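Colleague: Residue-level listing of the chains:
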Amino acid sequence: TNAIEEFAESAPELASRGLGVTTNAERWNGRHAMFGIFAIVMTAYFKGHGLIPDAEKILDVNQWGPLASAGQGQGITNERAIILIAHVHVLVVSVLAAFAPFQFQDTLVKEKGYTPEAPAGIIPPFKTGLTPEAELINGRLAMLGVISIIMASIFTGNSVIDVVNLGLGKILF
Amino acid sequence: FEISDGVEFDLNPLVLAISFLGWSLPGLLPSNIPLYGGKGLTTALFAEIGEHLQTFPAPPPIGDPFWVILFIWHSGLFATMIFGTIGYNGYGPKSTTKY
Amino acid sequence: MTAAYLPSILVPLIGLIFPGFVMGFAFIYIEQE
Amino acid sequence: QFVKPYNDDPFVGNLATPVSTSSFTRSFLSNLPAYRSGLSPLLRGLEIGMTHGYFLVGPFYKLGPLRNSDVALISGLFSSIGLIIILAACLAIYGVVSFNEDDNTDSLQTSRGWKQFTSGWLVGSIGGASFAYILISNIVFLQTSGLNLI
Amino acid sequence: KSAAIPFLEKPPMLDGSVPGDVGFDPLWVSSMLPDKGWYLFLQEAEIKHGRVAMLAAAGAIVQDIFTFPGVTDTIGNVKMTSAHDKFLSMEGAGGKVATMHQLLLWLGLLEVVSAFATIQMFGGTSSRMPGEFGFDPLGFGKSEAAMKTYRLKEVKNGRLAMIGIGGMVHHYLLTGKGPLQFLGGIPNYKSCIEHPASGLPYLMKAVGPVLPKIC
Amino acid sequence: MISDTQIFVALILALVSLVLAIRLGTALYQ
Amino acid sequence: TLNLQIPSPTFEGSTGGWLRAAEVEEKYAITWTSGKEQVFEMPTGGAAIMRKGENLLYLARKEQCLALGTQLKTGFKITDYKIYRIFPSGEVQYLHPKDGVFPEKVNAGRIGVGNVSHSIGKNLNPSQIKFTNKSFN
Amino acid sequence: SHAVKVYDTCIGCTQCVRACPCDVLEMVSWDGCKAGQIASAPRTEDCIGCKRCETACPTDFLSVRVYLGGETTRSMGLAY
Amino acid sequence: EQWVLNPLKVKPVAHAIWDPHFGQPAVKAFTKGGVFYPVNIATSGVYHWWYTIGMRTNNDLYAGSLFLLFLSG
Ligand code: CLA
Ligand code: CLA
Ligand code: CLA
Ligand SMILES: CC1=C(C#C/C(C)=C/C=C/C(C)=C/C=C/C=C(C)/C=C/C=C(\C)C#CC2=C(C)C[C@@H](O)CC2(C)C)C(C)(C)C[C@H](O)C1
Ligand SMILES: CC1=C(C#C/C(C)=C/C=C/C(C)=C/C=C/C=C(C)/C=C/C=C(\C)C#CC2=C(C)C[C@@H](O)CC2(C)C)C(C)(C)C[C@H](O)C1
Ligand SMILES: CC1=C(C#C/C(C)=C/C=C/C(C)=C/C=C/C=C(C)/C=C/C=C(C)/C=C/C2=C(C)CCCC2(C)C)C(C)(C)C[C@H](O)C1
Ligand SMILES: CC1=C(C#C/C(C)=C/C=C/C(C)=C/C=C/C=C(C)/C=C/C=C(C)/C=C/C2=C(C)CCCC2(C)C)C(C)(C)C[C@H](O)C1
Ligand SMILES: CC1=CCCC(C)(C)[C@H]1/C=C/C(C)=C/C=C/C(C)=C/C=C/C=C(C)/C=C/C=C(C)/C=C/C1=C(C)CCCC1(C)C
Ligand SMILES: CC1=CCCC(C)(C)[C@H]1/C=C/C(C)=C/C=C/C(C)=C/C=C/C=C(C)/C=C/C=C(C)/C=C/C1=C(C)CCCC1(C)C
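Chains as they are written, first to last, in the deposited numbering: chain 8, 55 to 227; chain O, 56 to 154; chain I, 1 to 33; chain L, 3 to 152; chain c, 43 to 257; chain M, 1 to 30; chain D, 4 to 140; chain C, 2 to 81; chain B, 75 to 147.
This is chain 8 alone, in the form it adopts within the complex:
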């Protein structure tokens, strides 16, 4: 609350529109982090089961232009390109939702006179169901899980996919 108000004072432009450190930003980032944990699980499954075609094939620079060449004389693999385009799909959905939101949906950028949602605090009420409390709880948990997964991958030396698999118990692959 104090931090929220102080930020509203420091950066009136972002806070007035709902950007920055706000409850709306927390909710949106929790949404994206949950979707991202799902995406990591799904890519783990696909890579483990070999569902990605020509995963280790290096894209041709002659066909796909200089963009197909990586930083240090390396080539982007078909798997990386496929996953990137999969992300491009949801990114275009994102741009369309942000500029032209559904009438019922929550908007990324809030109006000038919008009423900020009440800061939940330590934990929202445990309202079990498709509730805005459950959404925030699971979004916070997913964001923390993303950070923990990256840190475990860097520390233990395993891949992010390997760490997700290990944690899930090797059910994925």
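These are computed hints drawn from the structure, not numbers from a lab.
Be a bit skeptical, because a hint or two may be false.
Listed below are the simulated BS3-like cross-link pairs for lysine-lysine, each with C-alpha atoms no more than 25 angstroms apart in a straight line [claimed, not checked]:
{"no.": "1", "chain 1": "c", "residue 1": "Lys90", "chain 2": "8", "residue 2": "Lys111"}
{"no.": "2", "chain 1": "L", "residue 1": "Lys6", "chain 2": "D", "residue 2": "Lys55"}
{"no.": "3", "chain 1": "C", "residue 1": "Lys52", "chain 2": "D", "residue 2": "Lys108"}
The hints should help you fit chains O, I, L, c, M, D, C and B with the ligands onto chain 8, whose structure is shown.
Modeller: Okay, now just chains O, I, L, c, M, D, C and B with the ligands, sitting in the frame of chain 8:
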């Protein structure tokens, strides 16, 4: 039809017809020069249109008489169109300005 | 994920995204009452 | 005779000329989406974006870096999408900067009206680019500009 | 409110007067455009899709039943979308038949006229209702109550046909079988029949590499 | 020879310096 | 006061006239009486015919209005030209012949604004007026 | 707006007032010069900064000085 | 590390080039450092400077960069 804010304009297509005939009937005057063949300007244009319609997608090659005939015929036609509209609207039956 | 990917990951960012966002935000700031 | 003062006002910085105030000109301008009557700012944006994203795919498709490749059309569509996003961003920043939050009832010169216009323009532009992509990918005459008939 | 979905708010545009309106519009598509004619345009789109789908489903079934004299001799034994592809393969510049092109020509005249009609309806200038082309030779729907019952029946059967024809097309793409065959064979993937390429080959890219290809 | 972990430590220090630069920019803008 | 019913000098139109800024911020006007129908030069460009009697003209800038007034005074012998400024609210104000007599000749009632009680050499230095509110005067 | 100032050196020639394309300078009464008149700058908000007043000044160092300050529509002479 | 062995023969490279506008001819033309990717050859003399200072490995340069980041902070 208003040519401007409140100025009306007849836009009679019979002026177009008369100017077209005024330029095209003289164009029938034949010439034995290679460009025209033996025929006149209008007839040569018609012949070229048919000849290059037979070969539709392919354009008349550079150096074909078609381009020169087209340019000359349309230059004269546009000149006659301008003069005919001038005559019909300024020297015509309902003009106001003494030109 | 190796460091060799970092140029291809970053140069488009630093050269098209950072300038675009900076220009938009600075535009909003300079023309603002 | 044909050139006169604008709106019968001799001292306004304009002249009434055939190009500026003819019947055809007035009809065309008043029937374009930016001026037609009854359209919402959203529908204006939809029509305009549809019309613009269509023509955008061609220049990119036929003259872009990957034009002699097998991915020329997809590359073209992608580059059109990028330009459309950039222009939508331009529209959004222009709206937030120029129009203050007073409500003039969606007249396209309001914050809400311009937001609707830019949203519609984005949607219509992406849709038109996709439609052009489909038509080009499926019709040979468009991929060859008619050089299939030769 | 939505009767269809008892736990979701009815969209404002769905008053319930429109035939077939049970309050089902979870994405609030009816409210996407503030213009008055938007909902009417959506209704006309639904009617048109339902009609085309009903005809397409009936055509798939009847083509399975029997074929017109000489079509077998012309296009072989191709079925469903492959017949469209075959006719178009023979409809080249140096081609004899113009089946699909003739169909497109006449339906396109009808469709440009219908485009003007729907423009007028959208603008509010015309009093035409969505899907009303004045086609009623037998006068089934002359009575307003009869017109309403028949409109509901038409929209319902159109939705069912819209689902069914898509099912039929995808079944044919998978198994090379028409509707009546696919109905007959249940372990269809055992008796799958050969089928020419769709004409949109890229859409089956993931069928084998990413997706299972039980055949 | 320079490992990804090393590049990541460098990036983390860069991020800390960016945060401090934003703080200094705010304090100077006042 | 200004009467908005005075006819105008039958100008044929130009692209040098006022623009949207005239409708949004400020629009100047000039009124003058002419003994006959002469041809004068618009400050925006082109020729215009002034009427026999009162003539009202709209411009975008006070400098344009005053240039037209100077033309009338020197070329012709019209010196009853009055200049006004109009805001979108309808707040027409009176500017030239401010006190009814042109500024070039002294008139009783004016108060000196911006007059200094020394020569320019007596101005203070910026070092002397630095970090202070003093004025270089 | 530009800051226009007049000094004791004024001789009342009035040429500064007559040279101004706007109406920023006017003659007022004075006792420090033979003419009995001094220039004054009441409508300084209309000043454009042309310095025509400065040009039309006969005193060794100018009695009228224009110090160009903040710019506005009128100062910039923007008809748009 | 390969410049501190034959500093009079090896050209010192400043940084790698990643430009999506380069053609294959340009990528090849800029792979002169024996590094297998396009590069810029330094003209600042930092190589000679650091070699004289006592820098021999890339880890030395990396530690210096870490310290200078810490000092900027
Ligand atoms: C320094 C940064 C930078 C970067 C990273 C790039 C990158 C690119 N430029 Mg270059 N460009 C730059 C600066 C840069 N440019 C500058 C300063 C100029 C002005 C002289 C140009 C002028 C220029 C031209 C004239 C062209 C390029 C093109 C290209 C492309 C390389 C060739 C190719 O095959 O791609 C092409 C293949 C593709 C599949 C393109 C996909 C691009 C996606 C859609 C980008 C995503 C945009 C994003 C969503 C917008 C966010 C906006 C936000 C910041 C507000 C590539 C996207 C070529 C091109 O095709 O561009 C479209 C091209 O024709 N550039
Ligand atoms: C100020 C020094 C400096 C300069 C001029 C450059 C220049 C470059 N770096 Mg960067 N870089 C720097 C420091 C610097 N770097 C440091 C300290 C690190 C370690 C964290 C990196 C790590 C790094 C990587 C991993 C990569 C680059 C890359 C690049 C290239 C493209 C830009 C980019 O992607 O930046 C991205 C930079 C970062 C994500 C972090 C570093 C940002 C620095 C600290 C900003 C400093 C700003 C400066 C002090 C003040 C600005 C002044 C203002 C007026 C604008 C370019 C040659 C990319 C490339 O393609 O290389 C060939 C690339 O892959 N750099
Ligand atoms: C419903 C399913 C379906 C599907 C998936 C396809 C798929 C296909 N059809 Mg189509 N087709 C269908 C039904 C379908 N068709 C039916 C029912 C018919 C009979 C009417 C046809 C008749 C048909 C023909 C005749 C041809 C195709 C072709 C094609 C291919 C390219 C289509 C394309 O790019 O369109 C993109 C274009 C459009 C969707 C329409 C463009 C409309 C323009 C922009 C408006 C112009 C207005 C104009 C002024 C109208 C005046 C009226 C005029 C008719 C006189 C593709 C495989 C072409 C091909 O080569 O296939 C191998 C082809 O030549 N189809
Ligand atoms: C994953 C993924 C994706 C993704 C994603 C996204 C959007 C991921 C977003 C991740 C985010 C936003 C992570 C934020 C983490 C914040 C943390 C850990 C804060 C910790 C604070 C602490 C410990 C504290 C504290 C404190 C204590 C102790 C007590 C307090 O009194 C004081 C104090 C505040 C100091 C995408 C969508 C790209 C798809 C992709 O395919 C995969
Ligand atoms: C308007 C009008 C008139 C008229 C008229 C006309 C001509 C009216 C024509 C109406 C028609 C043709 C209606 C057709 C409906 C078809 C449906 C609902 C199909 C559903 C298929 C399904 C569910 C399926 C499926 C399946 C799938 C998925 C896969 C398959 O393997 C199996 C299976 C088959 C089960 C008349 C003449 C009266 C005059 C009047 O004055 C004006
Ligand atoms: C299914 C589905 C979707 C979905 C979805 C959703 C709703 C996905 C939600 C995903 C969520 C909520 C993921 C949470 C992950 C949490 C982790 C990894 C926590 C780690 C915690 C740690 C390590 C804590 C450590 C801590 C412990 C133990 C003790 C204390 C200290 C410490 C050591 C720090 C979509 C949106 C993608 C759409 C799709 O069509 C359908
Ligand atoms: C001719 C031709 C071709 C063609 C073609 C054609 C004609 C293709 C036609 C394709 C069609 C009609 C596809 C339909 C798909 C329908 C779906 C997925 C419905 C889902 C409904 C759901 C989930 C409903 C859910 C329902 C809802 C909403 C609410 C509650 C109830 C519940 C049951 C849950 C090609 C492509 C082969 C190319 C060739 O060159 C030429
Ligand atoms: C001035 C002049 C002089 C000489 C004669 C000439 C004719 C050249 C004339 C000039 C003519 C000119 C400039 C013509 C240009 C025409 C243009 C740019 C036409 C553009 C047409 C655009 C079209 C169809 C767009 C179709 C888009 C569609 C369906 C989009 C649909 C969709 C949307 C909108 C959103 C969701 C996705 C979905 C459903 C796909
Ligand atoms: C690498 C890694 C490991 C595991 C965990 C983790 C998630 C952190 C992961 C990801 C790390 C990431 C994404 C790090 C990102 C690095 C970034 C954004 C680096 C950028 C650094 C930028 C710097 C210095 C900029 C310095 C700018 C300065 C002085 C500007 C000076 C100034 C100017 C120009 C104007 C006046 C004010 C001021 C401040 C004097």
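Colleague: If a hint holds in the structure, say so; if it does not, say that too.
Modeller: Results of checking the hints against the structure:
1. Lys90 (chain c) with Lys111 (chain 8): 46 angstroms, violated
2. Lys6 (chain L) with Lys55 (chain D): Holds, at about 23 angstroms.
3. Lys52 (chain C) with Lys108 (chain D): 21 angstroms, holds
Checked against the numbered hints above, the structure violates only hint 1.
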